[PDB]
Amino acid sequence: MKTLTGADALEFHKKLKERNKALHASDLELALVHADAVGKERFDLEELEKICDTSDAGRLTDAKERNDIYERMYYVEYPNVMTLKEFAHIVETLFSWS
Amino acid sequence: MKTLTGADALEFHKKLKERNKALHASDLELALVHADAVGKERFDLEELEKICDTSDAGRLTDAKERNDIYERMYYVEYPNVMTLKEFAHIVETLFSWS
Amino acid sequence: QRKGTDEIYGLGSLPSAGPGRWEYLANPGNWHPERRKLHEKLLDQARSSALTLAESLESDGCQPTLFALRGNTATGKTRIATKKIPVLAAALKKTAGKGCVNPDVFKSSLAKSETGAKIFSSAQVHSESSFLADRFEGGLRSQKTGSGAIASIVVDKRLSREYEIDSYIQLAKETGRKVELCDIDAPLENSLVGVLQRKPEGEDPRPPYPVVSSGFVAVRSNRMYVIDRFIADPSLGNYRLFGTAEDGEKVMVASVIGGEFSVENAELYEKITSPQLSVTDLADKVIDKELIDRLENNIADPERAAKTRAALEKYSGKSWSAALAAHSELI
Amino acid sequence: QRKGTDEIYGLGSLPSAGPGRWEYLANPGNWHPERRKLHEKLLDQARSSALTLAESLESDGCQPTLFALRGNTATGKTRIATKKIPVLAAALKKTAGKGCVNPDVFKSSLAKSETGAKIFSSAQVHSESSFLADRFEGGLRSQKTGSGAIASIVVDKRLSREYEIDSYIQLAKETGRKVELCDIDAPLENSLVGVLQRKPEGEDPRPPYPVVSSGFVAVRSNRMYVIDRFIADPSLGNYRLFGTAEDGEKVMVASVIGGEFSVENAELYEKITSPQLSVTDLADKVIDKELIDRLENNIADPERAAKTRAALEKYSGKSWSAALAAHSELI
Numbered sequence: 001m002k003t004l005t006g007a008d009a010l011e012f013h014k015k016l017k018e019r020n021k022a023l024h025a026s027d028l029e030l031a032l033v034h035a036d037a038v039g040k041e042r043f044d045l046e047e048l049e050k051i052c053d054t055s056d057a058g059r060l061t062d063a064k065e066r067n068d069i070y071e072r073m074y075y076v077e078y079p080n081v082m083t084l085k086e087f088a089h090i091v092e093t094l095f096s097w098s
Numbered sequence: 001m002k003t004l005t006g007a008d009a010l011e012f013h014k015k016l017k018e019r020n021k022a023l024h025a026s027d028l029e030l031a032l033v034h035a036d037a038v039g040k041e042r043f044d045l046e047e048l049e050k051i052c053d054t055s056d057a058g059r060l061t062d063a064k065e066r067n068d069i070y071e072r073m074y075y076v077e078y079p080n081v082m083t084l085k086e087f088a089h090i091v092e093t094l095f096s097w098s
Numbered sequence: 090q091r092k093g094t095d096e097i098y099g100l101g102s103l104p105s106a107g108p109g110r111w112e113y114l115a116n117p118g119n120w121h122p123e124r125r126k127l128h129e130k131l132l133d134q135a136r137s138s139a140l141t142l143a144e145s146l147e148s149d150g151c152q153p154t155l156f157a158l159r160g161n162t163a164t165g166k167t168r169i170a171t172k173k174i175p176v177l178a179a180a181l182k183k184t185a186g187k188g189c190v191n192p193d194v195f196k197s198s199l200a201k202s203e204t205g206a207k208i209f210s211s212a213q214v215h216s217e218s219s220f221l222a223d224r225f226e227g228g229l230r231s232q233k234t235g236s237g238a239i240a241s242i243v244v245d246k247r248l249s250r251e252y253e254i255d256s257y258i259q260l261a262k263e264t265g266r267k268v269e270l271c272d273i274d275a276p277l278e279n280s281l282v283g284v285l286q287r288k289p290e291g292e293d294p295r296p297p298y299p300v301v302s303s304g305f306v307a308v309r310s311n312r313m314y315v316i317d318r319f320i321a322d323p324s325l326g327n328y329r330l331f332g333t334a335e336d337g338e339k340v341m342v343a344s345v346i347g348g349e350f351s352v353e354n355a356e357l358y359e360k361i362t363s364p365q366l367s368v369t371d372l373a374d375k376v377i378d379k380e381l382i383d384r385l386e387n388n389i390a391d392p393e394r395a396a397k398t399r400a401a402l403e404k405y406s407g408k409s410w411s412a413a414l415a416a417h418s419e420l421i
Numbered sequence: 090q091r092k093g094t095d096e097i098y099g100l101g102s103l104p105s106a107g108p109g110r111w112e113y114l115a116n117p118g119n120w121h122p123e124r125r126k127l128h129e130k131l132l133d134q135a136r137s138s139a140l141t142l143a144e145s146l147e148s149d150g151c152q153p154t155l156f157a158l159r160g161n162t163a164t165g166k167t168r169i170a171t172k173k174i175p176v177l178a179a180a181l182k183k184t185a186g187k188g189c190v191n192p193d194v195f196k197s198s199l200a201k202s203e204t205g206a207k208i209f210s211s212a213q214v215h216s217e218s219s220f221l222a223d224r225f226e227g228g229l230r231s232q233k234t235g236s237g238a239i240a241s242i243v244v245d246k247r248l249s250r251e252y253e254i255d256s257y258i259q260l261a262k263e264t265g266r267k268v269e270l271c272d273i274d275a276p277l278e279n280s281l282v283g284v285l286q287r288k289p290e291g292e293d294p295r296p297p298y299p300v301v302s303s304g305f306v307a308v309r310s311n312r313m314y315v316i317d318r319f320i321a322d323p324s325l326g327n328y329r330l331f332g333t334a335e336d337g338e339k340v341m342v343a344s345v346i347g348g349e350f351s352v353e354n355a356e357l358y359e360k361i362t363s364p365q366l367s368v369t371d372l373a374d375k376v377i378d379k380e381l382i383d384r385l386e387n388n389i390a391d392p393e394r395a396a397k398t399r400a401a402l403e404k405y406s407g408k409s410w411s412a413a414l415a416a417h418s419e420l421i
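Protein chains in written order, with the deposited numbering: chain B, 1 to 98; chain B', 1 to 98; chain A, 90 to 369, 371 to 421; chain A', 90 to 369, 371 to 421. A prime marks a further copy of an entry chain.
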């Protein structure tokens with residue numbers, strides 16, 4: 001198709017960022033309602049950090065990025081996982097691979 | 001799966017409405033950028049209403065609902081349609097059927 | 090063919106075809122006398138069927154009700170009515186399915202024109218059939234049964250948009266009817282193959298692609314507005330939404346019953362309240379061996395699988411758009 | 090197997106396995122002497138290969154550059170580097186592909202442990218390989234060529250998240266390197282079948298399902314953040330995003346080149362900047379005849395089609411999750 005250039009490319013990018021931001025927030029909002037409904041364990045980063053390493057060997061030090069990565073993964077990507085102990089096994093698997 | 005009831009059902013519905021509203025607006029915003037980029041004829045309800053009937057036989061009288069139905073259809077549903085004269089044929093087809 | 094029956098059988102200087110042409114033709118006396126007679130006959134038949142339905146429903150203890158079957162073309166609406174609305178199923182049995190408000194019910198008769206064979210296309214008779222449906226619905230508005238109670242009625246239309254939904258809610262409110270609404274969804278592709286399976290010797294409509302796609306978009310985009318009406322007003326009636334699982338079976342997705350709102354299938358609810366649009371087309375997808383196999387893979391019922399297969403093979407090598415266009419053009 | 094090589098070859102009271110265990114092991118002297126020697130040998134080899142790459146790139150007129158190949162597992166990254174980065178293709182030819190920053194390049198050697206056969210699993214050597222990659226990258230930071238110029242380097246990692254992207258941008262800024270970033274996307278299913286096609290006798294990783302899915306989500310969700318960095322700072326370097334068309338071929342989707350931002354394929358751009366999540371799973375999808383036929387329908391190349399077919403048939407009847415799990419467990 002026709003390549004978007006200049007102002008059109010920039011505006012498409014801007015609007016697409018808005019769309020994806022809304023989708024990003026919505027995925028988490030909906031997942032939290034469903035989680036409450038089924039009794040999924042409340043996300044607790046500190047309890048998580050007891051049973052596995054979320055540090056990526058000290059590269060990930062921002063507390064805001066760190067909670068946001070794992071809370072979102074827990075709720076949005078693994079909706080059928082009910083416990084942080086379960087999720088721990090997942091996280092460990094993730095850092096066993098590139 | 002588990003049925004959402006009471007407050008959980010209401011909150012899921014509320015959040016889903018927000019999501020779909022954002023998607024609804026985004027579809028149109030993105031379509032308009034693409035339309036500008038490819039030179040698609042600007043949507044003109046009055047010129048449209050010359051070449052076909054948008055009234056659904058006088059059931060649709062709200063100007064706000066009427067413009068919003070056809071402008072959105074023109075841009076979002078028929079992105080490869082370049083002209084209102086083309087779109088006219090589509091609209092006529094739509095009201096030839098239930 | 091091309092000339093509509095409203096133009097063929099209308100009398101005089103016909104108003105330019107948007108409304109204005111409706112009031113002109115809404116007047117039952119701007120038609121040729123023979124056509125006027127056909128109209129009267131068809132309306133008498135439909136009214137008789139509707140009264141049979143109404144008397145059945147009342148006898149079975151149903152308060153005055155507008156049964157609304159919302160949903161896109163070929164989504165499985167008839168089977169849902171039959172299985173999930175037992176009181177109405179009992180009534181429709183007595184009329185062999187006749188008596189509902191729906192322009193399509195007049196199309197076969199108008200297309201044959203008492204000649205014994207179909208000589209006009211569905212598109213050729215559509216305006217006229219819509220005119221008859223509106224006259225039919227108008228007379229039903231304040232129609233009473235033998236007990237003097239308002240007659241229950243059935244509206245069998247796509248009912249996609251806000252203005253349509255508002256109009257029927259208003260009709261119900263003004264006539265003291267409850268609204269019992271079943272909303273039936275299927276994936277767009279299911280509707281497309283559903284249309285290709287409808288045979289021209291049947292009376293179910295065979296519309297072209299844009300009708301089915303735009304109908305799909307409209308029905309999904311406005312679905313939550315309909316639900317909101319029932320959430321807001323428990324006295325309005327009841328709402329049930331049925332969606333289609335991967336294996337093709339209908340399942341309850343959301344409901345408002347006795348004022349109580351529940352979401353029986355949250356995954357499907359998220360899905361079927363959105364049209365799944367992108368900036369640029372299922373219309374161009376070609377019906378090939380793979381597509382037929384892909385659809386067959388999720389159909390377990392032998393009869394349904396065979397019929398789906400046969401309908402698709404007839405249009406093998408054509409795009410969905412080309413296939414529905416050719417299928418629609420059959421008389 | 091189970092015990093990691095960091096535990097087997099580490100010396101003493103090993104710190105609880107989160108970081109703290111890294112600085113302990115980051116010190117090249119908390120390892121058994123033989124393992125220390127293996128580390129030195131592998132780092133010498135990698136450094137030699139990296140210097141060959143750097144001298145090739147400089148000779149071909151490339152200013153000091155960090156070539157970053159972003160993208161999920163088995164998305165076609167190697168083919169894109171080969172075809173779309175001609176100067177780097179010329180360099181990689183001289184090293185048979187060696188010299189890039191990537192923990193996986195050390196895994197085969199660590200797994201064989203100079204014994205002549207693989208006796209540790211990829212997972213067993215991963216921590217150790219990551220430690221070596223970090224030491225390798227550390228030494229490359231200020232590595233010079235024979236002209237005294239900073240050596241160009243290649244980072245071949247998923248690079249999904251903001252912190253990782255920020256870290257490499259910072260490394261480039263601090264060392265006076267441009268960032269030349271190619272970002273390569275494929276549908277999740279393409280990555281899954283890509284992983285199943287990788288044979289254990291090869292050196293490409295075979296991770297389990299959660300790695301590929303979470304990688305997909307991360308790479309897509311953070312893609313526009315990466316693009317924003319190049320839109321904001323023309324001096325940073327250049328960015329190209331390649332996505333996968335229906336027929337499996339890679340196409341340019343968006344780019345920032347010489348500071349100019351363009352969207353070569355708006356449809357794909359909308360798609361590949363989002364993970365396509367729902368509230369509840372491709373993991374449970376069963377590899378059946380239909381699925382194999384469905385994937386084969388969009389692969390025209392005979393060799394690729396045959397290899398895709400053979401990889402899938404080996405796991406016929408298993409879910410994607412079960413299939414990748416079994417495939418990953420092979421040594």
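By construction, these hints were calculated from the structure, which means they are not laboratory data. Where a beta carbon is used, it is the ideal one built from N, C-alpha and C, also for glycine. Just so you know, not all the hints are guaranteed correct.
[Stated by the list, open to error] Some chain B residues near chain B', calculated using beta-carbon distances under 8 Å:
1) 22
2) 29
3) 33
4) 38
5) 41
6) 56
7) 57
[Unchecked claim] The following label-pair restraints were derived from C-beta to C-beta distances:
8) 148/A' with 67/B: 18 to 28 Å
9) 341/A with 379/A': 41 to 51 Å
10) 292/A with 89/B': 18 to 28 Å
11) 103/A' with 349/A: 35 to 45 Å
12) 340/A with 1/B: 36 to 46 Å
13) 335/A with 203/A': 50 to 60 Å
14) 383/A with 21/B: 48 to 58 Å
15) 59/B' with 314/A': 46 to 56 Å
16) 197/A' with 1/B: 36 to 46 Å
17) 322/A with 379/A': 46 to 56 Å
18) 68/B with 379/A': 19 to 29 Å
19) 421/A with 5/B': 42 to 52 Å
20) 373/A with 197/A': 48 to 58 Å
21) 55/B' with 314/A': 42 to 52 Å
Structure-based check of each hint:
Of the supplied interface hints, the one on residue 22/B holds, with its beta-carbon coming within about 4 Å of a beta-carbon of chain B', less than 8 Å. Because the smallest distance between the Cβ of residue 29/B and any Cβ of chain B' comes to about 5 Å, under 8 Å, the interface hint for this residue holds. Interface restraint check: residue 33/B against chain B', minimum CB-CB distance 5 Å, threshold 8 Å, status holds. Of the supplied interface hints, the one on residue 38/B holds, with its beta-carbon coming within about 5 Å of a beta-carbon of chain B', less than 8 Å.
Hint status for residue 41/B: violated, given a least beta-carbon distance of 16 Å to chain B', over 8 Å. Interface restraint check for residue 56/B: the shortest CB-CB distance to chain B' comes to about 31 Å, outside 8 Å, so the restraint is violated. The restraint placing residue 57/B at the interface with chain B' is violated, with a minimum CB-CB distance near 36 Å, outside the 8 Å limit. Hint check: residue 148/A' to residue 67/B, Cβ distance near 47 Å, so the stated range 18 to 28 Å is violated.
For the pair residue 341/A and residue 379/A', the supplied restraint of 41 to 51 Å is violated, since their beta-carbon distance comes to about 32 Å. Hint check: residue 292/A to residue 89/B', Cβ distance near 27 Å, so the stated range 18 to 28 Å holds. Judged by the Cβ atoms, the range 35 to 45 Å given for residue 103/A' and residue 349/A is violated: they are separated by roughly 58 Å. A beta carbon spacing of about 38 Å between residue 340/A and residue 1/B agrees with the range 36 to 46 Å that was offered as a hint.
One distance hint, 50 to 60 Å for the beta-carbon pair residue 335/A and residue 203/A', holds here, with the actual separation near 52 Å. The hinted range of 48 to 58 Å is not satisfied by residue 383/A and residue 21/B, whose Cβ atoms lie roughly 39 Å apart. As the Cβ distance of residue 59/B' to residue 314/A' is approximately 48 Å, the hint placing it in 46 to 56 Å holds. Take residue 197/A' and residue 1/B: their Cβ atoms lie about 43 Å apart, and the range 36 to 46 Å holds.
One distance hint, 46 to 56 Å for the beta-carbon pair residue 322/A and residue 379/A', holds here, with the actual separation near 51 Å. One distance hint, 19 to 29 Å for the beta-carbon pair residue 68/B and residue 379/A', is violated here, with the actual separation near 42 Å. Against the hinted window of 42 to 52 Å, the Cβ-Cβ separation of residue 421/A and residue 5/B' comes to about 51 Å, which satisfies the hint. With their beta carbons about 50 Å apart, residue 373/A and residue 197/A' fall inside the hinted range of 48 to 58 Å.
The given range of 42 to 52 Å is respected by residue 55/B' and residue 314/A', whose C-beta atoms sit roughly 48 Å from each other.
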